[PDB]
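Listed next as structure tokens is one chain, alone, in the form deposited without the named molecule.
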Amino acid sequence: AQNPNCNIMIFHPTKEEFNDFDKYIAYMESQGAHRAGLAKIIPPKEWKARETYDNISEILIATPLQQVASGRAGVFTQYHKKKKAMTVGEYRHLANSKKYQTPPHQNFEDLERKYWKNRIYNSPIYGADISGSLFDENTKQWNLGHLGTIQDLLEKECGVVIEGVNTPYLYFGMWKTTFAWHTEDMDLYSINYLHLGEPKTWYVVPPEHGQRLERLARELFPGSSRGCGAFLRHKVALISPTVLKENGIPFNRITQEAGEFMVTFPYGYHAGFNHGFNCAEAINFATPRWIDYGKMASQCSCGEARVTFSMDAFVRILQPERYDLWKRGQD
């Protein structure tokens, strides 16, 4: 068995290997990359996502989200308070202000220490989940707006034609902006490209151990657990590496820098934080190996998780027994 300790693997494809996206994912999996839940892909030196980032300031963040924490430093939830719209140039200035800027630090490990010590005492503002793309239309390789769609994959594997679309999302971050512990909708893959700016630190639980994280989360968030049998689908809970180590939960960590891709694999729980002003692009995707994960994915039916139009078909076809209850949660 390849990668039996579930380490995060880092890949350096050549320009020739970068042509066929599906083939390269399948290659990475042949080497055991999925066992970690997360892999890093460094593009060939010849590749670029677009020519420059000099003209992005007029992009609108219609609903910036202030991430307010509750709990203790290593075990907290966050809620998202909606703020007034602002442009990317306005948000960059805000991120660089004395109130929000990254503190002085020695290295990524010192910054990580400062994040876990201090996160809860601040409320950073995240421009998340903005439909759109920063890939140039002429970028042919690993262009996250030109991937094969999940609807087409389901149709190729299972023969059923379904409605829905699959488009990318932009994330504009600042110091301390945080992504809570989650798997993707329907336990899909994700791919995330850090277009510019400061790094993003990731934490990940191997898919084979995801239920260990769930059981810890039910213990640490006991009211939330009573409210919903899949409350990590709400995407609000944070657990620090120190707490995970104290409770014996297997995990790994890695820092993504600008110009790098990360791939999350089906049922790989992940969480993380931004180091400073940055912009990432991410999208979900599927492969043949996902289908079994999709059929087994948990679902939130309490009403909190509320998701895209396109998840309807996935539930309806892969999980017909759950469909009625889940759809009630959506309505």
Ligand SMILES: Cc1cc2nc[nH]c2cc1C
Given for the second form:
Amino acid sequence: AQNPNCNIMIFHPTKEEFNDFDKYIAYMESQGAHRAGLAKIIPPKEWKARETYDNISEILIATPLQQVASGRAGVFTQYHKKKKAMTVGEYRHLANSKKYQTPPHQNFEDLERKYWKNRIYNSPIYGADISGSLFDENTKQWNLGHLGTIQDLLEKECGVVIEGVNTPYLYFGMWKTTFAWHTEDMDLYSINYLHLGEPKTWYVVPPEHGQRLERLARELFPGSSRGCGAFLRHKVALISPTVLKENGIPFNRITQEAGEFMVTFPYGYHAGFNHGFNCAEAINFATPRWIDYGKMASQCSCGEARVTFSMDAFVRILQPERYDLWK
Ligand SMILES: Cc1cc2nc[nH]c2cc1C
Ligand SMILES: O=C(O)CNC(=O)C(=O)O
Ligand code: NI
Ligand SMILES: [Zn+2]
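In place of the form deposited without the named molecule, the structure of the form solved in complex with the named molecule is requested.
Below is the entire complex, every chain and molecule, led by the chain shown above.
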């Protein structure tokens, strides 16, 4: 078996290898990349997402989210308080203000220490889940707005035709902005391109060990666990690497820099934080190997977790018992 220790692998495709997206994902998996739950892909040196990021300041963040923490430094939840709309230019200015800017630090490790020590005492503002794309329409390779759709994957594999669409989201971050422990909707893959700005640090649990994270989460957030059989779907729970280590949970970490892709694999729990002002674009996707994970995906039915229009069809076809129980 390839990659038995479930290490995060880093790939450097040539421009020739960067032409066929599906083929390269399959190649990464042939090398065991999926066992980690997360992989980094550094694009060919000749490749660009777009010519410049010069004129993005007029993008609107209709509903910026203030991420307010509760708990202790290594075990906390966050809720999102909606704020008034602001442009990306205004958001960038806010991110660089004295109140919100990245503190002095020695290196990524020092900054990581500061994040876990001090995160809960601040409430950074995140621009999340903004439908759109910053890929130039003429970018032919790894254009996250031009991927084959999950609906077409399901149709090719299973012969069922379903409603629904599949488009990218933009994420504008600042220092300490946080993404909670989660797998993707329907335990899909995701791909994430860091367009510009400061780095993003990721933590990930190997898919084969996901239940270990679930069990720890039930112990650490016992009320939440009683309220919902899949409360990590709510995307509000954080657990630090120190607490994971103390509880013997297998995980890895890596920092993504501007110009790099990350892929998360089916049922790879991940969490992380932004180092400073940045912009990422992400979208879910599927492969034939995903289908069995989609069938097994745990669902929130307490009502807290958002179920998109397109998710409906996934549940209806892959999980008809769970769907009927909904209805
Ligand atoms: C181990 C395991 C547990 C799961 N629970 C939901 N999907 C799953 C997929 C795997 C692989
Ligand atoms: O970047 C973020 O804020 C969170 N992104 C993801 O969880 C992802 O791409 O799968
Ligand atoms: Ni994700
Ligand atoms: Zn729930």
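Shifts are known only where both forms have a C-alpha. We call the rigid core the largest set of C-alpha positions that still match within 1.5 Å between the two forms. Residue numbers count along the first chain shown, from 1.
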{"property": "Where the chain shifts between the two forms once the rigid core is fitted, runs of at least 3 with Cα moving 2 Å or more", "result": "324-327"}
